[PDB]
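Visitor: Each chain, letter by letter, is given below.
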Amino acid sequence: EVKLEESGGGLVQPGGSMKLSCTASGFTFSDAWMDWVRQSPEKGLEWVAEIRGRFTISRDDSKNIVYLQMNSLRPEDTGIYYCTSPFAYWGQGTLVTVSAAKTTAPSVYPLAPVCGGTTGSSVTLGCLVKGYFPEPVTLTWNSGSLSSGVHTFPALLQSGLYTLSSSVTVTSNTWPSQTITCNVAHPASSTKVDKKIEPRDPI
Amino acid sequence: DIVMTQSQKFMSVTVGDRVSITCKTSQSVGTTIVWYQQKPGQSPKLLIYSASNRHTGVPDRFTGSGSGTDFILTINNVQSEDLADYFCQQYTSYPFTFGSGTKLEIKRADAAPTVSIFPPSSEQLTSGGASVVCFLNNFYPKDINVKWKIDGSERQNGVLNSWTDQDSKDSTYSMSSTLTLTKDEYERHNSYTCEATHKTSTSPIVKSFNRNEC
Ligand SMILES: [Zn+2]
Ligand SMILES: [Zn+2]
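So the sequences go chain by chain: B and Y. Letter by letter, the first sequence follows residues 1 to 203 of the numbering used here. Letter by letter, the second sequence follows residues 204 to 417 of the numbering used here.
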């Protein structure tokens, strides 16, 4: 069977360099076409040759290894880089993150409903997690006891820092009698925050 | 380089139906077309090559057709395990460019979004920031438009919209829209509005607040 396996990914700063490796087995290495394709939400699937100087493919003198040397990297080069022997054989993909951010803890803000009093049958609360790096953060409600009616939204890059939010919806006769708390944890900064959601008051 | 266009980014299907995914090449490529299937967290997987030649192990429900510039991947009797992104690719000219992708989704009855708006928290205002958040939850179909207004005028910059994946239980979508402002900007203007336009209503759904009110 054919096996391709990438390595050498991770974090790197803008203008920096990184060399990816891909070890191959199950065929005669020099008889095979070996290439690199990257995937991002913005650009989709791209052959490294489409990005063009900055991305150069080479091979090991003896071993079954193909390399991808990446230079002068930019934030837009962030994505998953696949080793491939076209068309059927692909590695697992390795994540390359290009960013100048230092490790930064999230600011966690509770989002209670409008002060006026939206009331109605149901009530929706929120929890805003802003300005953290790197990914990921884990967000739960009431130690994970409240899972129904929850929408945690994927993080987006805002400036050079990540921001995400989460909504939770419950019947109007629960909150604020039943306490509701979003629990946010960020392993990289060693921070675990619990923010209770409380009704707004006049300024 | 040759441009491969898949006009549909999302398609909704019912299990048992037939679906046709289109691919268009910017140049004549004969029948040098490959189709891939990609599930989340996995590499693309080869389905068809030479436009219509099915790869080993692929169910015969998958059929590729077309020649020249217009190609079609047809999935007959669609099953739940066919939910995935589908990509076309040409190999008449290197780089062997990929299409933009088409995700298969579940069809359901139309459902209006539940909209709720949230002014900046007290604690954020003390830290010197001001974000206005709008949740639009549990709607179908996916197509939706959100407009932010400040004292009646539309506001375009500083807006980030984040979609959830389709829900595995009720097949709906949810969206988060965040208007980021400076504190001094938030404290100058009065009215803040979140307007949602969706096919379930002729009129847009409007949620708003005034900064000084309660
Ligand atoms: Zn060969
Ligand atoms: Zn061949």
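Think of the hints as simulated: they come from the structure by calculation, not from any bench. Incorrect hints may have been included.
Claimed, not checked - When the alpha-carbon atoms are kept at most 25 Å apart in a straight line, the in silico PhoX-like pairs for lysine-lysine are as follows:
id, chain 1, residue 1, chain 2, residue 2
1, B, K130, Y, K248
2, Y, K352, Y, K212
3, Y, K386, Y, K310
4, B, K63, B, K102
5, Y, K227, B, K43
6, Y, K352, Y, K372
7, B, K43, Y, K352
8, B, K43, Y, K242
9, B, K3, Y, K372
10, B, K43, Y, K372
11, B, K19, B, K3
12, B, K196, Y, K345
13, B, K43, Y, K402
14, B, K130, Y, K410
15, Y, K386, B, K195
16, Y, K242, B, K3
17, B, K130, Y, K242
18, Y, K242, Y, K352
19, B, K130, Y, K350
20, B, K43, Y, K386
Visitor: So, for every hint listed, does it hold in this structure?
Guide: A quick look at each hint next to the structure:
no.	hint	verdict
1	B:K130 to Y:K248	violated (36 Å)
2	Y:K352 to Y:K212	violated (29 Å)
3	Y:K386 to Y:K310	violated (43 Å)
4	B:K63 to B:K102	violated (37 Å)
5	Y:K227 to B:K43	holds (18 Å)
6	Y:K352 to Y:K372	violated (34 Å)
7	B:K43 to Y:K352	violated (31 Å)
8	B:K43 to Y:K242	holds (18 Å)
9	B:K3 to Y:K372	violated (36 Å)
10	B:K43 to Y:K372	violated (30 Å)
11	B:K19 to B:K3	holds (20 Å)
12	B:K196 to Y:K345	violated (32 Å)
13	B:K43 to Y:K402	violated (29 Å)
14	B:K130 to Y:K410	holds (23 Å)
15	Y:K386 to B:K195	holds (22 Å)
16	Y:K242 to B:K3	holds (19 Å)
17	B:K130 to Y:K242	violated (30 Å)
18	Y:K242 to Y:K352	violated (38 Å)
19	B:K130 to Y:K350	holds (22 Å)
20	B:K43 to Y:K386	violated (34 Å)
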